[PDB]
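Below, in structure tokens: the form deposited in one PDB entry, a single chain.
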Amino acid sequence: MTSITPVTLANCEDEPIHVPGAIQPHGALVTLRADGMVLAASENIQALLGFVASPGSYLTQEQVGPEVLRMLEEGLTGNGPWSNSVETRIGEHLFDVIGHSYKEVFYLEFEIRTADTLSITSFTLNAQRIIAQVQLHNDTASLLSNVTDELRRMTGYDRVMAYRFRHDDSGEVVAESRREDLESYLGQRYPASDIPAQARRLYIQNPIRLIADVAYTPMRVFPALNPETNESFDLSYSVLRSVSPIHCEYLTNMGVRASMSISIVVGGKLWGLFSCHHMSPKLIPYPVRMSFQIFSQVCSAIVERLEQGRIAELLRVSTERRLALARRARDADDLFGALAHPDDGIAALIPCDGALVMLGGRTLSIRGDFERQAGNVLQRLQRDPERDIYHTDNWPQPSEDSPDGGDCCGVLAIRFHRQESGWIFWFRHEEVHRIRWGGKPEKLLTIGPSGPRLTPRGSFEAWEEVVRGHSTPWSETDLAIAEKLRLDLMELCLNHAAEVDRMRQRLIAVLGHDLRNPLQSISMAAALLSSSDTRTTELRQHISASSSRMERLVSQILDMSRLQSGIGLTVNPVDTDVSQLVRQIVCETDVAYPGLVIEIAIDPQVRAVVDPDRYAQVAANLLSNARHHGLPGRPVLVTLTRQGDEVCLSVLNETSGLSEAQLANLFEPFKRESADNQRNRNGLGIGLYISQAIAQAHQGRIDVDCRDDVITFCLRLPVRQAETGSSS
């Protein structure tokens, strides 16, 4: 739907190995339609089976015999997936005829069992042999060790190996059984490109491969495209499927002449393989490969059980320490203390060569001194501040320019208090690794008539690569522990930091209560001054003005605290003459500010049940806002009107132009722009915030209209009558 077609990232995953259009010549293939019509067949069918499977026809009993027709008939007419096989003699050779269905196409694959003993061993006896062996092991090390030997005994292959994939898709030969005169491949690494993603995905679906003769010439199955869809025949589940010519080249470079492999699937991912080699052609009869296909799933389930148990036990053991630390830190007076102890603490949660706890600008290093390393990592994290977890095993080793460089190649950092910079770091020193590679990893490129070819390595001689500047990698367990600790510490930091709010509530509330009395006393004393002398009169006036200003500030503080605390404003609606109140406020404002030209259009005797103190407060806030933000010398128009069940008071004044962002933030508290406005340098900006809260408390609202740098405010309050109680 995005109208885009991405391009693949790697050319090694782009071979369609599942639709080769060819089979290995040790059998014959026939493809059949859901009604039984022959669609395509392998070109050797006349030589191997003695008859021509002409497309469009149906198999005759003279051709495949009654056993194959009985099997096919039960297949085509059956329901759900189909997979069956039967033993029959066609011509003079005994054949294993395998049948399966995939994506509505039915396949019949014939393998010769010439020069072999009839029913020498059955699928059930071999399956029980292996499953009984596999179930004796409680560790994957010994499970893979013994299974590799039993598989070599049963098959008789020149070599059998257990190959385990790494987290980076590479893999290592973790177990081996081999003929004495063969060089051991145990413990060698092989790169991720040796088994491409396409194969790993396929080998989760079809657990068994066999290559009977690595020198084989593919037999083309023609027509190559299914006539009913023009699509290639999907041979994913075919046993005769022609393997990639690049892998037969890879095995020719190993000197291998037959191959077999069995998948190990864990968690829906290809966990490993059992790979078998022979230095001469070798075919394993289908009943035995069927027993191996059964074993593949039993062994996969057992390995999964073992790995899940081991991981679960490590997770439990670590959860114990994490919870104990959480308890200690919760009980301790200082978290930055309880975590920063060289005994236990966070340094003991994850294997590290030292750790550092950082919070609120306080740091402590455990088992070393890493404030330098930590600070430098933060100076790296400053480029991606939204990142909360950082882990690395290849920290750039410092240059020789100064000995201040720290060789702590491993860093694992987690942020538990983003605003206070709560950081925990775990460090690891450089661990010098040595890797035995199965052949030098030369590039997959050769140029010839085909252009560049993805040719495999020319030799598999064990090459030893020394790794420097790398530490012990942080396991998925360590990363999980680090994240769970991050969350546990965030929760504790929130519970800890939330107490600051309660303290400020108590403090401010007591201050608001205790400060009113001295101000009231001063205002009363100023009112009691006889004002006999002109000097005494001026001082009395200045004292009364300053006291009223402080009372106003204290009132604003109380209101803001009550609003932020959610208590709201306790309004007392009473029948108030809005006309008289607004006219009085305007007159007092004009007399107080003779330079402020105030125009009034106040309807007479507008009476409404409203709180006179809150309405006066709103009017004062609006006049102050118009004075501070209005253009100097411009007149202010005040219009009070009753619009049905609402009282509308409008104030219009010119401005130097207000942006839409400023208009949206007009009601925001502590607006930074107020500190820069030379006329409002002392304005807290809460005037609109408090006014809006007052309007909401009165079930009203404050409208704002700014046009052509002229802003118009319209207070709308609902008309209501106060309730009166009676005994009736």
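Here, rigid core means the biggest group of C-alpha atoms that superpose within 1.5 Å across both forms. Residue numbers count along the first chain shown, from 1. What changes on going to the form deposited in another entry:
- Put simply, after the core is superposed between these two forms, 371 is the one residue in 344, 307, 371, 116 with a Cα shift of at least 2 angstroms.
- Relative to the superposed rigid core, the position of the CA of residue 257 differs between these two forms by less than 2 Å.
- When two forms of a protein are overlaid on their rigid core, residues whose CA moves 2 Å or more are considered shifted, and residue 220 is not one of them between these two forms.
- Core-aligned CA deviation for residue 172 between these two forms: less than 2 Å.
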Second form
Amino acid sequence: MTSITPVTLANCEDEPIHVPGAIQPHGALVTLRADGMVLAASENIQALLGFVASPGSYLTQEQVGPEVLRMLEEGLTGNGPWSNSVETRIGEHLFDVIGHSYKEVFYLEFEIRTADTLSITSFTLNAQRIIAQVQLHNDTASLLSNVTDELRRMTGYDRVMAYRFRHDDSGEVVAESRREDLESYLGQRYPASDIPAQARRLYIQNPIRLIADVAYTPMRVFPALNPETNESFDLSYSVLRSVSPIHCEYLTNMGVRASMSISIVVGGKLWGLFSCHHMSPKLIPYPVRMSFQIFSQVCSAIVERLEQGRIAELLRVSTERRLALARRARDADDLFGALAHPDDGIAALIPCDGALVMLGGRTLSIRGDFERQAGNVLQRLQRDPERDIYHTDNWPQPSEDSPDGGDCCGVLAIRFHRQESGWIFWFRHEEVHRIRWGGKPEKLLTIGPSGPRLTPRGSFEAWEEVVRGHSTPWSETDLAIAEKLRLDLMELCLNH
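Given the form deposited in one PDB entry above, what does the protein look like in the form deposited in another entry?
There are no partners or other molecules in what follows, just the one chain.
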């Protein structure tokens, strides 16, 4: 009948974290139709605010004061995206009342900001010092290190870690600061599934996340669906949003009780995170988290400028080498020897564990003997001979049935002159042996029902599973270099 079935092998990369319908109980949620009518609220509204915003009705100044209604009625008469907060005392004690809009729904988030003070809010001066410092760090390694230190100096979280994401969305704990009795996680690596593509999108779109108590009871917002759409409230930009039970379990295995993380975005991609953990409940006043959102935007712009400045230098140096190669082959008595010569040749341009030159049936292998792999890739490309350039980081290595076997799973190949079997190859061995230096963590636990994968060791062992057999991946600069060299060689083939 149905003749189709959605992709459903995964368990919990698809659990939708932007529309959970549940709230962190250190605050309260109220949700409004675009006219202003109350549609749903978190049921702790009475416990914190002393009033019920009755669904199907409107707020009153005798509930929220005028201060909130200035904001909301400039909101309700506003257009496009909206976001604001206001300072007030509700009943006996102080609140931050925070609000935004998304997909025609207007949201009110009430966060407690009581038993803390302007003196404590001197954290605003610390955040502005962090913002002033980062703008002058000269590389991303020192930037991430110093920020990971000073974030902890400021906030007093038990741990802070800098994550950096690789081309495959795997992550590495590239820097750490910790309370010294706690185990270090420096140099851990984890698979891309550790941050599912929805959390990817939310950390790109929503610079700050705060988790006040991993042991929280989630406040059910009621009614559960917006009566106008008859669909879930999209909480993507809220702050009180329910954490996924999977990540609460993962943090409970780590023994974490509260979290804050600060996004770094580059090129519209999640380039990194700072992640802060504390082993007992912790809460940060909203005015400070606004300053960390500002910090996230500043840091993202700085990192993106540094990484673009690095890539431009890579492409510069490679171009200046390749033009010398072209010059030498044009001036010399032979192209083929000038390609294979160790002092300047194809083996110098691209990082490789070996290189092979092929032209007119002549072949040479540099740093090894690769005429087997060259033949085998040609026999693969003989199934698609219109392909000009081929590369892989995961070639099926020659088997142990013969000394023809060997580690060259990385191949990069140029057809520079199809009419005389002019080819160039570069090769790479398997990566993992070079990088195998993250120590496996060992924390003794009463492990949660999901089992040991929701732990740093589980994640590390599941990461090695992912990189087994892969070479060091061919960089976009490497591919650009091969692309350009092909066309430099064609000019010599043409004039020869």
